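Encoded as structure tokens, the following chain is the form deposited without guanosine-3'-monophosphate, with no partner shown.
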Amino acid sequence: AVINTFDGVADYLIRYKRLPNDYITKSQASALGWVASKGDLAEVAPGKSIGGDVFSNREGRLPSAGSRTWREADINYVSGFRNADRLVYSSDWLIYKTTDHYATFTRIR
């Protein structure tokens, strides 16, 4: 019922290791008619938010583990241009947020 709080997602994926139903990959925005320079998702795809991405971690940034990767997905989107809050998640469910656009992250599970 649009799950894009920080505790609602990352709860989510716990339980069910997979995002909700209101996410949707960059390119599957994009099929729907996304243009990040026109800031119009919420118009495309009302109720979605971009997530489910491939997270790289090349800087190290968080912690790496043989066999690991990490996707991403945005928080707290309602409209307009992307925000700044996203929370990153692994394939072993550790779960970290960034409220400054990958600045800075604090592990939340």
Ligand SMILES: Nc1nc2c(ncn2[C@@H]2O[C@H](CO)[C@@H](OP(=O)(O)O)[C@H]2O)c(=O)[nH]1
Given for the second form:
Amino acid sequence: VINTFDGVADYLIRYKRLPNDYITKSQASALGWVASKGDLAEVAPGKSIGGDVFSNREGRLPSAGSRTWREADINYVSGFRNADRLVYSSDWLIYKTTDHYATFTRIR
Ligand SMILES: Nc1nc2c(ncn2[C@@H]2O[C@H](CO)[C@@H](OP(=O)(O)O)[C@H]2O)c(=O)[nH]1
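Can you now output the form solved in complex with guanosine-3'-monophosphate? The one shown was the form deposited without guanosine-3'-monophosphate.
In what comes next, the whole complex appears, and the chain from above leads the way.
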């Protein structure tokens, strides 16, 4: 599937949405996923969580009037979710984090 930093980043720039393998938290919950159970791959085979609002409460990403952020899990396969996320803005800035939003690197 398309679940790498570069693969998802390029698909976002190109189509302005996540690839077909992503589902929001409420979609995942509707399918049987429970936070802490690590069951995502069994209730939603081949799927990853992404598309939900990232608030940027800590102000680690640049802010701009009208700019909002969304996030998506990266390199997920099965089991417990990892700490890899792509965070992407309404104006298409794209940052990666490999430590669950402690630190970011810009890639688009
Ligand atoms: N640190 C931090 N996490 C956030 C913020 N807004 C949303 N989140 C989170 O991003 C997620 C999606 O709403 C959640 O994490 P998660 O990716 O571990 O599920 C969640 O905690 C924020 O402003 N700061």
